[PDB]
Amino acid sequence: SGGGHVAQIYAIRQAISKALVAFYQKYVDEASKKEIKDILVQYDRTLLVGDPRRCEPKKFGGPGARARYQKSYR
Amino acid sequence: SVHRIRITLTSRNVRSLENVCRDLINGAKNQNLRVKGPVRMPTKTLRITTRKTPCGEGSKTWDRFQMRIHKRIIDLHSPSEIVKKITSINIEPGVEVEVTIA
Amino acid sequence: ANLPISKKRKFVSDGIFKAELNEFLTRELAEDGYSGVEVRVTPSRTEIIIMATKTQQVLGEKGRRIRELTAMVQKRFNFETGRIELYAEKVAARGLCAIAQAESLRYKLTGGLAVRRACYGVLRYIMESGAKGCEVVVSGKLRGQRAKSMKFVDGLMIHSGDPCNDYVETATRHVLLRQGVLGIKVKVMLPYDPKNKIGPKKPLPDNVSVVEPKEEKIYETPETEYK
Amino acid sequence: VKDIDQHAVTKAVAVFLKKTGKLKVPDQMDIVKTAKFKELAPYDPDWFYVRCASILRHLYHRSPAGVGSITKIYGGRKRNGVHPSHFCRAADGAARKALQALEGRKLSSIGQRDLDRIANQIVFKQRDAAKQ
Amino acid sequence: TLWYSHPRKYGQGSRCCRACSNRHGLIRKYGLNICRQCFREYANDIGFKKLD
RNA sequence: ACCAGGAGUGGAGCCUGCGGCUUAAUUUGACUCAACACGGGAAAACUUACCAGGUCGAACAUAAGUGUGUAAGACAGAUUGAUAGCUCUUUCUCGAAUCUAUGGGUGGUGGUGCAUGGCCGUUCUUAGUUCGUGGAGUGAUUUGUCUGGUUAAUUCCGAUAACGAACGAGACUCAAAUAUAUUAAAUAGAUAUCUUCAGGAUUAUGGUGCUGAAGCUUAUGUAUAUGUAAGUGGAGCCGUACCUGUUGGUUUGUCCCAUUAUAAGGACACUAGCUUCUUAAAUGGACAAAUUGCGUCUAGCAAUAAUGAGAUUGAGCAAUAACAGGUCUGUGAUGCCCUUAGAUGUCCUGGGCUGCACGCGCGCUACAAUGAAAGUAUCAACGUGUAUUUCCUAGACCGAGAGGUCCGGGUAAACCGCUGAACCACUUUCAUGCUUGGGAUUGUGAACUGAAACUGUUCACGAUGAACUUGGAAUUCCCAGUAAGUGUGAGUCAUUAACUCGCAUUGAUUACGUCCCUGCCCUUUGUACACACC
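Residue numbers (the deposited numbering), protein chains in the order written: chain AQ, 75 to 148; chain AU, 18 to 119; chain AD, 3 to 229; chain AT, 6 to 108, 120 to 148; chain Ad, 5 to 56.
Certain hints may be false.
To be verified - With a straight-line cut-off of 20 Å between C-alpha atoms, the simulated SDA-like cross-links for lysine to any residue are:
hint	chain 1	residue 1	chain 2	residue 2
1	AU	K69	Ad	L55
2	AU	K46	AU	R57
3	AT	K16	AT	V139
4	AU	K69	Ad	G17
5	AD	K12	AU	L41
6	AU	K61	Ad	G35
7	AT	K29	AT	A17
8	AD	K20	Ad	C24
9	Ad	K53	AD	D164
10	AD	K10	AU	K77
11	AD	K9	AU	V31
12	AU	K88	AD	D164
13	AU	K77	AQ	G138
14	Ad	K33	AD	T172
15	AD	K229	Ad	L55
16	AU	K61	Ad	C24
17	AD	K9	Ad	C24
18	AU	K69	Ad	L6
19	AD	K10	AU	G54
20	AU	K77	AQ	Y147
21	AD	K9	AU	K77
22	AD	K10	AU	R57
23	AD	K187	AD	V177
24	AU	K69	AD	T172
To be verified - Stretch by stretch, here's where chain Ad covers chain AU in the computed footprint (C-beta under 8 Å, at least three residues):
hint	segment
25	24-38
26	71-84
By construction, these hints were calculated from the structure, which means they are not laboratory data.
A virtual CB, placed ideally from N, CA and C, is assigned to each residue, including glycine.
Take the sequences, apply the hints, and build the full model.
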């Protein structure tokens, strides 16, 4: 749930990637875990770089967080 | 026949909210009161903002203020004849017990 | 009494409750040096522990001032007569709380501009009751028409940070001057750790104390008997 | 129903009950603007009762869904009154009587396996239609 | 009785200022009724530590 | 503060700030930066301090009727705005606070922020202040507080000329990333399977299949459906399991029992649903020998090692001396001055603050082809919500609508609600034509809130389609989940958001610096500098 009309589709990627990595750790094979990682990590398209970049709290004098509306007659 | 007395407990101070699991729940699980563990609730945060300044003329920002009060629920599958003594001991400043009778 | 009130409105109604009790109690028990109130809402009784200095006049004849206290709020809030019990407790270390000391400065400033004998002696006893830091200021008109602001610091006042969110104790006093007005603001810095200090917090903000390293018997000979 | 997205399927079902005589035509259907925001009347009526496909997912996942819980959150892309735009209720009216077009409680009792499986047989036939 | 108009039950007037009896400067609609120029002096003891 | 830019505004429309204008009065505070969507100031009246009509009475000894009514109230007709016996023609009346000329106190959103307090803003996106010992010197005050290195940092090293100086900054306070690895669920449920809501033939078909199956109509009973025959038609029918789906419980599971039914007691899987998840209450958490021809051995950028993690990371707190900054209209903080039955006070009736040839600022509405339309797909979160006042709402119902009626829920992870938000995304309709872009103006009824609406309470419908196609000189903010688009909630609230406080989605160009310019921070430095180049 959550996300939106763009960002909700993003989190499928982290789900479908790591679904193989844990079924190969404890159930199938070590090299099966190894053969699915090295194909990914060439550039990986942040399939596992879960950057915690999130929405920032807002401030005063602006319509945004790191904004400020101005010209009080300079 | 047998009652299921589900009791909410709340306080502002988390340390008293940490104090109550030290003394109340083990004085009842020693005799099988069926606490089912600490049922922590999401808190009730409230933010009020206004002009901080009487005659607020200059760089006219605001002041923020916060409040946090947290809850932790203790339900029990035991009838009324066992549970009067835990209402007497132990009592803490700023904790709120709510047991339904009628 | 019992209401269907929301719990968020239940909690703020507690805060507005104690926001009024201290009002007239500062208005009445300023001569006896009222300092603090602790309230617990227990089942079948509400216990209120007032912290005051001069406890020999908070009582009155056969509890005259005592029954005056219960006469306040059982008609102010119209609650049940029997749940409300109010008790003014003698404070420990009266020179350490010092907010009633600021209140008695109003009783000390009636000596006719005694900054030397009285206001300089304010900073004495709080050092004689042993504070690492303290503060008074006088803000108002002195020595003539135009107002003058003087500072009286002695100690270590940090003005910032969670120790300053915890070590200080504020006290603002408007005493009515013969001419017009006087505001009095005092600050204290308290030794939260050393003596008994069961519940100020007894913290240490940044002061890292490092123990003796306990040099060792490096050889550690046997000397082994077989009992 | 859990087949391909009903961009084309909602176009399909709106004619199928229109084929079987269960049109149950409204009365101000040339007058209505389905909300106090719109400036033109719609072209026809078939797009109105396409939300039986919604309640194949909304009775399925949201709730046995009333009229007020539906139309307020339904159909919002709205540019409201000019200074500036807000969000509104889309003003249902006569489509609360669309149950007569189909003939704790349930809204459509025949769309459980009797009605919706035929539409699921249609997309199963559309699976055969899109098979070449 | 006579010469006392204003059936007050609509709007601000006259349900005002449970802290200062100053009708113009109220903050009300949570349950505070504190007349917020009478809030900074009266912020304690009613909770409300600042956190950010 | 630029540059490299971006979006803008300054043009247009409109809304408000305020002046000017005018008015009975258009209450008023505040003039650079730091008055200018501020006094939360989105005001019909109320507020209100303004204007115009009214209106209340408030102490005391003195004192004099005596209680032959000192008063106090209504009819009645004037006066009224209403009834105001406020007044009064005229009537009965509880009469006593003896309603006093007199002390004087009372009150005020009266005066003064050049009387102050309190509070706040700037000085403050920096890096500075200041004390006990000395040697500097007749003293002012200097030394400390550094020549450098490095730091966001008076941050440390090192010279080291008090140090043991003290604050400041650091440090601590909050916010989602962080093993559920430990207890934790009326959040959520993962699941598992019981299931029920079952398509398909995806499956295997048993009965069956041209013999009339499926499907199709008429008649009327029952209260039109269904039943049947005929009608009817020419291949399928019906049942299962696999597939994919509602639902209900799976809390110490099942069957036990007490129980109306939960638990164990009785056994089994011996776990016939467990805690991933939301919630933390915790410790954990780039926890930095992090490798790097070591820079004045001291802090060699190097991204690179991790692989929640190359800061999870933003605010809050903020000194020293101060300024004639802000306010006496926040206040029963308040000096002084003003007043006090004929009030500025106070309550009523009103108006007005909204008045408009004019200046201006803050923002929203657009100036359309990355669109205006229609639908369609189908996504949040902070929050939010009625006990002594009528909030949040659902459900049916009516109505072009606006709204109206009825039964509910919810004092709240519980109901609203899993709030199934906008802009986008998807087929179209438009042919660029001040145009179906753009919705000012203005009629009209239809609403509805409130006792009450009229430069307006807002909202409906169908009319009306101006100005304006990128905006002169100018000038705003800003380096990432940011700018910006695009929304919701909250705040003032009976109804009135275009602002305000955060929420959430969508997600750039470009900078990763410089000391020109307006800046600013203390090291030498001339000076007539002084109330400090105004």
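Status of each hint after checking the structure:
no.	hint	result
1	AU:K69 x Ad:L55	16 Å, holds
2	AU:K46 x AU:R57	18 Å, holds
3	AT:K16 x AT:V139	12 Å, holds
4	AU:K69 x Ad:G17	24 Å, violated
5	AD:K12 x AU:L41	24 Å, violated
6	AU:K61 x Ad:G35	15 Å, holds
7	AT:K29 x AT:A17	18 Å, holds
8	AD:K20 x Ad:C24	17 Å, holds
9	Ad:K53 x AD:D164	12 Å, holds
10	AD:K10 x AU:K77	30 Å, violated
11	AD:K9 x AU:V31	17 Å, holds
12	AU:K88 x AD:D164	26 Å, violated
13	AU:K77 x AQ:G138	17 Å, holds
14	Ad:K33 x AD:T172	30 Å, violated
15	AD:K229 x Ad:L55	65 Å, violated
16	AU:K61 x Ad:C24	28 Å, violated
17	AD:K9 x Ad:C24	25 Å, violated
18	AU:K69 x Ad:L6	42 Å, violated
19	AD:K10 x AU:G54	25 Å, violated
20	AU:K77 x AQ:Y147	15 Å, holds
21	AD:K9 x AU:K77	34 Å, violated
22	AD:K10 x AU:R57	17 Å, holds
23	AD:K187 x AD:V177	11 Å, holds
24	AU:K69 x AD:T172	19 Å, holds
25	24-38	violated (count 1)
26	71-84	holds (count 6)
Against the hints set out earlier in the document, violations occur for numbers 4, 5, 10, 12, 14, 15, 16, 17, 18, 19, 21 and 25.
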